[PDB]
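What follows is the residue order along each chain.
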Amino acid sequence: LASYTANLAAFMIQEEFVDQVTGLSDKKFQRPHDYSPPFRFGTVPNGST
Amino acid sequence: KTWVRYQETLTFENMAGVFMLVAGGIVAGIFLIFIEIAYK
Ligand SMILES: *[C@@H]1O[C@H](CO)[C@@H](O)[C@H](O)[C@H]1NC(C)=O
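Chains D and A, in that order, give the protein sequences. For the first sequence, PDB author numbering begins at 642 and goes up steadily by one. With PDB author numbering applied, the second sequence corresponds to residues 790 to 797, 807 to 838, in that order.
Chain D extracted, bound-state conformation:
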């Protein structure tokens, strides 16, 4: 029990962070109807991007 509580505490300490989108070629970047919230992103007008 002590080892398992220490493992849970150390796993909180070893804190990684996942991301929503990890690529410009994402399947989320095909259609926002693929998931239930339609997310949104734009660019600056008349820009090089």
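What the hints contain is simulated information worked out from the structure, not anything from laboratory work. By construction, the Cβ of each residue, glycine as well, lies at the ideal position given by its N, Cα and C atoms. Check each hint, because a few of them may be wrong.
Facing chain A, a subset of chain D residues (Cβ under 8 Å, in silico) [claimed, not checked]: (1) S644; (2) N648; (3) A651.
On the provided structure of chain D, position chain A with the ligand as indicated by the hints.
For chain A with the ligand alone, kept in the frame of chain D given last:
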């Protein structure tokens, strides 16, 4: 993606010596129990 992006704590650490020590304690304890059975 061909070479750069392609690349090549836990519970295993706190189990091995503990398991072996408890197993050796069980092996010694069974013999001590049979000594106590021979005593009574
Ligand atoms: C962007 O380009 C259009 C092209 O007609 C221009 O009318 C507009 O003033 C420019 N400004 C904006 C909105 O970025």
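Cut-off 8 Å, beta-carbon criterion: hint that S644/D touches chain A: holds (5 Å)
Mind checking the CB of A651/D against every CB in chain A and telling me if the closest is under 8 Å? With a minimum Cβ separation of about 7 Å from chain A (threshold 8 Å), the hint on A651/D holds.
Under 8 Å is the threshold here; is the Cβ of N648/D close enough to any Cβ of chain A for the hint to stand? holds (7 Å)
Hint check: no violations occur; every hint is consistent with the structure.
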